[PDB]
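As structure tokens, one chain now follows by itself in the form solved without the partner chain.
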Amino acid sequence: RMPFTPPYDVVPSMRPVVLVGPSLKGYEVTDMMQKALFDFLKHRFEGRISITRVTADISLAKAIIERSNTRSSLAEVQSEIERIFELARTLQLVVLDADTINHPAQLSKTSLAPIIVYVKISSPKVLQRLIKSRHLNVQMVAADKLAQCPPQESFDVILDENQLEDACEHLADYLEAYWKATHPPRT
């Protein structure tokens, strides 16, 4: 009429960190800005962090057998999900360099419960200039889709700082607070 079940979902013991933005992965502007952040985490959280590449399409994670319509099989994706869970088992920070994920809606219906970090260039004109100083339309469209997300519910952390060092310190502070929450006293 008018358009109005298990109580618990099992998720990794440490929520995996996934970076999205400023635009599409696979292209220089995004790949360089994300690489700087990964580089920073590796050394700021040395001994407490595992950063791992995920090439499989983990957007596909959740009587005809369900199969993927792309090159990334549901069986390969399931194996990668299991590997991510195992990485998190001992409560190290897990960061994923996940090739296929450019928008938080892509992980919304999975069991991964990521910490989504939005690496944001708040001005489109600034983004257009960065790109052209180094396919433009697909990149601008991607950044605009991110800019349309309801920010509070879509992202766990938004890094809109012009200065890399300030973005890095903001990310570090958030992850330090998560470390404390979980521990009671491009690549």
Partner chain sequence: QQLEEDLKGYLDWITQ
Contents of the next structure:
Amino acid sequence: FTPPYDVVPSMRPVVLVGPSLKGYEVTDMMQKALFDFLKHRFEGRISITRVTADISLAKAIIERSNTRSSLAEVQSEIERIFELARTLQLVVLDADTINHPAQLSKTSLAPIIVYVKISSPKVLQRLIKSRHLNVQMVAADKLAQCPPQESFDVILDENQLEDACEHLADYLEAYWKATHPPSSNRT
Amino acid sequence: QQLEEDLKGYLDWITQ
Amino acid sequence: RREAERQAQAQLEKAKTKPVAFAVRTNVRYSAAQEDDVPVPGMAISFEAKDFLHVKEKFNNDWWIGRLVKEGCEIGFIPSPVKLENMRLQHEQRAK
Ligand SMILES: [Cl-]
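For comparison with the form solved without the partner chain, please write out the form deposited with the partner chain bound.
To see the whole picture, the full complex is given below, headed by that same chain.
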């Protein structure tokens, strides 16, 4: 103003994972079309922000990072995310280094994980060739092995962008209502 | 054929 | 008297329009009972582990005011960490 309560952002930040790995064109373009849609569908109610720092590292020797992303920079980015959610705008992270929900499981971010799922590995393969194949297939396969109810908040398995967008919007409109009762008053 | 409609869907998504 | 209850209900109403101070995700469940001595009867917020709460302010050492992040749920009293701990201790003692 053992602990029973963990402090989390006032609006759970939306993080997209799948169909495959970020940094490659199939995943990057498929997620971008979704971010583009959110930007206009939730205009005035959403903040979409790039996170390049490796927020997977968020949680008597001093703890340090062995990559270019420091624990101080990560902490700065965690505080920026909490602060962006403080007035209850929807928050969406374009988080470069998160390709799997287990990478945020131990943070205090409590994300809404949106799984952009290609149901068939054969469809994913052909997609990639239509444009480093094996790292992409393994990442998609890892996603497909997660227990869906506990790992993901939304699964977009629709093959039409229009239908994936409306399903995600429906979810985010309901979250909006849950967080804004009338009684309270790639990118 | 379901896989073929899948692929066309995702190709159109990527194009968008 | 029992205008203590009046002041507690009045603090609840005043909170409805206040900002969210912070949010918490729960790591334990709380299933409210009348014997928990809630400042206004029937206004305790129960929850399960991994639920989300929006917190407005602190009423006293045993109770916060806030709500479950769920459509149709409204402001009420949320047990403080100390209150959760004292319920667990009182239960452990009673069970020995
Ligand atoms: Cl050290």
